[PDB]
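Read the single chain below, which is given as structure tokens and is the form deposited in one PDB entry.
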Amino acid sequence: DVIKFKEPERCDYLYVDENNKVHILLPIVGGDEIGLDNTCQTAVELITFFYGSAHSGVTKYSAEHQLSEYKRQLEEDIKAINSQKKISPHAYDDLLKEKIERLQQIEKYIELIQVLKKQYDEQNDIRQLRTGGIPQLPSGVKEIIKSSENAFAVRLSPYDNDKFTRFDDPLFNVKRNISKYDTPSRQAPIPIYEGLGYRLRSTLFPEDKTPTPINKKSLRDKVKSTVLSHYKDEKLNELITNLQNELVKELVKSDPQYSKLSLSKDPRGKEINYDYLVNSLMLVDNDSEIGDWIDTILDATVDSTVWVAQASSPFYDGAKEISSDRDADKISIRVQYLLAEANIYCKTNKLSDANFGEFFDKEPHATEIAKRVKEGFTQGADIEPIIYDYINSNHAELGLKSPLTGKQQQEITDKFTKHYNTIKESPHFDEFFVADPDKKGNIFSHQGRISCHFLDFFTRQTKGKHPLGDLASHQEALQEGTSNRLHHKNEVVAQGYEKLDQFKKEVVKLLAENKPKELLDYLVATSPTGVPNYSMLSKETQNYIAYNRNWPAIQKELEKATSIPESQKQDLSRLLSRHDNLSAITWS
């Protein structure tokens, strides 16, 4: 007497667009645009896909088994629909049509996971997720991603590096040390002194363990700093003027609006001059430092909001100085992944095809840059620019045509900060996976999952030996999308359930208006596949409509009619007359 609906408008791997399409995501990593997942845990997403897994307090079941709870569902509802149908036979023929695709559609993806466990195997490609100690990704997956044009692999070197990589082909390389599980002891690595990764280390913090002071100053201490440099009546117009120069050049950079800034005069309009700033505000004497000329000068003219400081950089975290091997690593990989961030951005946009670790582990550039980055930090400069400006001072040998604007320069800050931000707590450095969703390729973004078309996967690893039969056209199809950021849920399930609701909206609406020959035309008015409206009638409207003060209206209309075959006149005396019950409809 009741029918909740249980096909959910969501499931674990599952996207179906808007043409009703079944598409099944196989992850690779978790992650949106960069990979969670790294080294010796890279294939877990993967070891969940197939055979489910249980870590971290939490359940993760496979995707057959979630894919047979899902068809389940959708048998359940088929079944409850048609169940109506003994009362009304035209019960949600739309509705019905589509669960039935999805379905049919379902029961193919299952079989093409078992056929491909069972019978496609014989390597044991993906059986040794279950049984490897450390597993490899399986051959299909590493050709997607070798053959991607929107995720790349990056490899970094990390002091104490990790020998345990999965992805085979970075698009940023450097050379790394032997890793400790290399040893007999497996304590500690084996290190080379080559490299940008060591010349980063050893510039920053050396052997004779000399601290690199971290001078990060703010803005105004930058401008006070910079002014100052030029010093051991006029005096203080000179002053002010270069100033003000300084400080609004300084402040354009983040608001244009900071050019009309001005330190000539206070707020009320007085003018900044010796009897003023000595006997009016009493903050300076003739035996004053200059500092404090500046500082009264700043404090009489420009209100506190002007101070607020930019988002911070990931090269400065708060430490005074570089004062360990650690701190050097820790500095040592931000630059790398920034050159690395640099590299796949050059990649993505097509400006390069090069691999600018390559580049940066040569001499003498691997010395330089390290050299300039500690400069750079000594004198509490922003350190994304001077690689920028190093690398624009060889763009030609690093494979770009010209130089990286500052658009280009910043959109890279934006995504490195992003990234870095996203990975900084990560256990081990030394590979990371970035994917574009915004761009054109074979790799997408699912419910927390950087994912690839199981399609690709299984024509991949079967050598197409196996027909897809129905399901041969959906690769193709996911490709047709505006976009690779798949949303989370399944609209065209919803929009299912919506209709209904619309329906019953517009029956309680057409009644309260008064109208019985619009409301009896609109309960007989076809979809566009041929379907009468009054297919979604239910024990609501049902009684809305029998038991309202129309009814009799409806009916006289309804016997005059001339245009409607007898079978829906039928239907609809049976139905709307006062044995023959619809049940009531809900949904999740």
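Numbering follows the first chain given and starts at 1. Take the two forms, find the largest set of C-alpha atoms that superpose within 1.5 Å, and that set is the rigid core. Compared with the form deposited in another entry:
Once the two forms are fitted on their rigid core, between the two forms the CA displacement reaches 2 Å or more only for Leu520 among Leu67, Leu36, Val44, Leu520. With the core superposed, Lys401 shows a C-alpha displacement below 2 Å between the two forms.
After superposing the rigid core, the C-alpha of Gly481 moves by less than 2 Å between the two forms.
Relative to the superposed rigid core, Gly469 undergoes a CA displacement smaller than 2 Å between the two forms.
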Given for the second form:
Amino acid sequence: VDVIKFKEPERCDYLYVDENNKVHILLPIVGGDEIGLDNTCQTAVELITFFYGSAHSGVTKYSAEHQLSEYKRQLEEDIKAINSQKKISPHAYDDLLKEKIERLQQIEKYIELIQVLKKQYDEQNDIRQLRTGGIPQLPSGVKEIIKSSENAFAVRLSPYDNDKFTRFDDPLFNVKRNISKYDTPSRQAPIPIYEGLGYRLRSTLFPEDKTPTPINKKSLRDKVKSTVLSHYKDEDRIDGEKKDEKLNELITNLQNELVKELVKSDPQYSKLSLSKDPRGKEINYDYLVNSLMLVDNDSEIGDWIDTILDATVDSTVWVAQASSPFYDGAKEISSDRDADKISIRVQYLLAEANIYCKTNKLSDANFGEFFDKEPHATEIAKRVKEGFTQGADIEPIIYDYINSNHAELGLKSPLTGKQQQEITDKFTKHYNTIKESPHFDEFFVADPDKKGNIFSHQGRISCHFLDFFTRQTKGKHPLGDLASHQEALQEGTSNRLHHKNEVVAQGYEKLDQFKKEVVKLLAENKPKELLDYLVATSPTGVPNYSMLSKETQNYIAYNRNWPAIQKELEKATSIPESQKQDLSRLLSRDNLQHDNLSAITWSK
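Having seen the form deposited in one PDB entry, can you show the form deposited in another entry?
Keep in mind that what follows is only the chain, not its partners or any molecules around it.
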């Protein structure tokens, strides 16, 4: 069957091809996008798979070397298939061919580099250990990349039952920890320390006397209703000779309280009003009591509030933001496990705020060091405890405490409301991502929208393989043709790399676009244009007719107006002799050296 089936896929594990067709291999540190999903004992998993392959959920994952070798094979099949057309068309697929050869040569080189790294430059067993080590460690080359990153940072926290086997040793945020159960003879329970942030959060939120902490979280509507009702008494009524005036005071107070509470989340609500119905009708006694017949002189202030709200406010208004991880539906903190959970949350917020400041160049301090100290450890725990009882927003309690201390945290200036909302959104997203982690000791957090040495690619947080290779080889194996490739990846728009390679895919779409142009220019019977199209050259100077294949050759040769096309060819003057004779072979059945190009296909 005379069809070329192109095999080069548009996606391969660990491989990013940039717009300039430079091939980059991304060494993975841990799995994830911005926050790492692997930690503690499993930190090494990605690296194990990269260097050695592995079995995940009884489905085999192959090494980078295996996968790159397979991609090489496919490129060679593609190249050999293109070359088979050269006896028919000397210029067949010239751009696609060169781009494929360019990638093949780079990939071979990367295969060589991985090989020499494992064979020659692992005398300390730093990579081998991934495979033999009881609980493996990050190779030092990766530890150094981490240490020098400007855009990715580990944080270390204090869960009650801490795991000794943390694997990120340069965290930005770091707090005191219990003695892991694994550093006790029987390995069963941690040995608690009685100082620092972790302890103060746990001991305060669920105390040794077992007194629960109530969580009194109110929806917006409930929060506004009750607040307003607080300045009233159970016996209060909208009755009397002062009823209209009392209804007015209620309307105004409820309006003030609804607005004030709405405005913090969206100041569009600054202009919301409760004095009137959508249809313009005035919210007064006669309307609600004698016309709508909903409340009366004997109604409670709460039932007047309900009625005011239902008659004047749009349902849109009551739609909640996303929830804070701090409020997950629980009525109370009623067990050491609940307290530990919430302690971790607080700590993780403070770690996100620390990352935020570090990555935006506002501070290099370790916020943990400060919050572990007294009275801060204690004060922050009490204000958070009080927050849950008020049903208040937890994040601003942390931000106000940071801001009342900004200089001591290394910050020239307090955090603005806008910077606060950005931290909250990262914290919320990142936390929701890792909240079913079996261990909260540690996370690595990367921002691929900033300049640096760490990247996001195919669900892995990664660095450039060449960064790693150079560090681990100490400069002793120069990179030849790949010496500028690491620098080239920095020059891209973003550290967030696309999961597929568009430059590979476009090498197929261009062959499809060429077919469309040809089918159109023939259906439109404009033969001079067809010839100009074919002879028109791409940026590299290659003629479009390079992209002929069985289908396009047959459309042209057997078309209606081929005689018309052939007249133009002979009588053209501007088309060089090379290409007249070339097109004539290809498109004229009468040509001595006429032959059929193969069909071409691929997987989309």
